[PDB]
Amino acid sequence: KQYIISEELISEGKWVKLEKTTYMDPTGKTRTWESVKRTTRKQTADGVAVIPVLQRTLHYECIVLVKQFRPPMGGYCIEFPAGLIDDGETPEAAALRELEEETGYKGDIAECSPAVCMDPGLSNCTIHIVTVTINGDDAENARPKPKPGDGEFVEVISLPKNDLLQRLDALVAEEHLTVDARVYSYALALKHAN
Amino acid sequence: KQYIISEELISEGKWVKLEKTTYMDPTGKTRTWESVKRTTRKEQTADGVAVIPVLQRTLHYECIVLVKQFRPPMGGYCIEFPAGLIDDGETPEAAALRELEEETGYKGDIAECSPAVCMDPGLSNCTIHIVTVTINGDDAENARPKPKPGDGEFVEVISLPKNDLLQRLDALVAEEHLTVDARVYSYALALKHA
Ligand SMILES: [Cl-]
Ligand SMILES: [Mg+2]
Ligand SMILES: [Mg+2]
Ligand SMILES: [Mg+2]
Ligand SMILES: [Mg+2]
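Here the protein sequences line up with chains W and F, keeping their order.
Throughout the first sequence, residue numbering follows UniProt numbering, covering 14 to 55, 57 to 208 in sequence.
Under UniProt numbering, the residue at position 153 of the second sequence is numbered 166, and the numbers go up by one with no gaps.
Calculated directly from the structure, the hints in this document are not laboratory data.
Backbone N, C-alpha and C fix where the C-beta goes; we use that ideal spot for every residue, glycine too.
Heads up, some of the hints might be wrong.
Said to hold, decoys possible - Partial list, derived from the structure: chain W residues whose beta carbon lies under 8 Å from chain F:
id: 1; residue: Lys27
id: 2; residue: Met132
id: 3; residue: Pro134
id: 4; residue: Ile143
id: 5; residue: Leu202
Unchecked claim - Residues of chain W placed beyond 12 Å of chain F at every Cβ, according to the derived structure:
id: 6; residue: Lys14
id: 7; residue: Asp100
id: 8; residue: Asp101
id: 9; residue: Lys120
id: 10; residue: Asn155
id: 11; residue: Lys159
Make the full structure from the sequences, and use the hints.
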């Protein structure tokens with residue numbers, strides 16, 4: 014019933030553009046929206063986010079997360095490991111690659127979502143969420159070496175899956191960090207499944 | 014270690030702006046980023062709220078109440094938690110209950126309220142509170158709920174059982190050409206992983 018009529022470029026940077034979207038509302042009235050898009054999409059989606067489940071015998075299972083300075087936020091954020099999918103890369107391959115670059119861990123694919131939207135009232139950005147298990151007892155994950163690209167500076171924070179929400183809330187209270195909404199949503203549902 | 018040096022306006026619309034952000038990297042080198050922000054944020058602790066609405070009825074399985082709407086940035090329909098921006102002077106909790114009633118017709122009870130969490134921190138400064146709300150679906154006020162959408166708001170309600178959320182979302186994606194929100198999908202995935 015609703016659809017896009019036209020998209021006007023307002024401003025195009027190197028990485029991001031701002032458009033004015035004209036669309037038909039369901040009453041038959043024409044309306045406008047200010048929309049953000051990335052300039053980098055080619057792909058199934060802009061990026062991947064990895065849910066990395068660190069499995070070590072006789073330990074609690076952990077979810078592996080990353081802490082980095084985020085210039086749009088003006089501060090440090092706790093997130094799932096994540097990055098843009100390279101042209102001609104599969105989401106699964108982007109997931110293992112980003113996980114290794116950002117954390118040093120080598121994981122196995124468990125499942126892969128369809129393309130899911132990041133903030134659909136604002137942008138067209140999408141990701142695949144890729145669940146990955148990490149056999150923490152294997153020798154390649156003994157001393158994981160993060161291989162960060164240029165300008166990436168990532169700290170690794172592993173938190174137990176069974177208390178994830180309480181651990182994140184503690185980090186916020188004590189560290190003045192911002193937790194990512196996807197991370198927080200995941201943590202909430204671990205608690206709510208009960 | 015890292016911090017913002019300057020934020021230069023590139024382009025400002027009615028609702029969204031783009032900025033050139035200069036920051037200090039942990040090596041001591043100046044770098045730039047292209048940053049998106051909303052123009053609507055005042056003294057709110059976040060831009061918006063998203064509501065996790067747990068519909069509870071005797072002799073029924075718990076349902077998660079979701080909304081489907083056309084999203085001009087996406088050029089299509091999206092399935093999301095009920096959500097909206099926080100009005101000036103409004104608490105996150107009040108915003109939540111208000112947006113839930115407006116979008117779904119249901120009158121909820123606050124359960125929990127998250128700290129401000131980031132929507133897409135590599136791109137934007139946008140933040141929300143995630144507000145968990147229970148809905149007593151045996152209460153007569155919640156018998157035949159009618160959405161009171163605002164001007165230019167056109168929302169469908171979709172209530173799915175919590176105990177099968179991920180499969181039910183996958184079945185909707187399989188039938189109809191729509192995008193699930195990343196927070197919804199992350200919450201559904203944790204329900205499975207628990
Ligand atoms: Cl798993
Ligand atoms: Mg990354
Ligand atoms: Mg990376
Ligand atoms: Mg809304
Ligand atoms: Mg609304």
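Verification of the supplied hints:
1. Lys27: OK, holds: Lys27/W within 8 Å of chain F, min 7 Å.
2. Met132: holds (5 Å)
3. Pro134: holds (4 Å)
4. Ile143: Holds: closest Cβ of chain F sits about 6 Å from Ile143/W, inside 8 Å.
5. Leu202: holds (7 Å)
6. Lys14: The claim is violated: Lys14/W sits with its nearest Cβ about 8 Å from chain F, within 12 Å.
7. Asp100: holds (16 Å)
8. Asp101: holds (18 Å)
9. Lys120: holds (20 Å)
10. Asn155: holds (20 Å)
11. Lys159: holds (18 Å)
Of the numbered hints listed earlier, the single one contradicted by the structure is hint 6.
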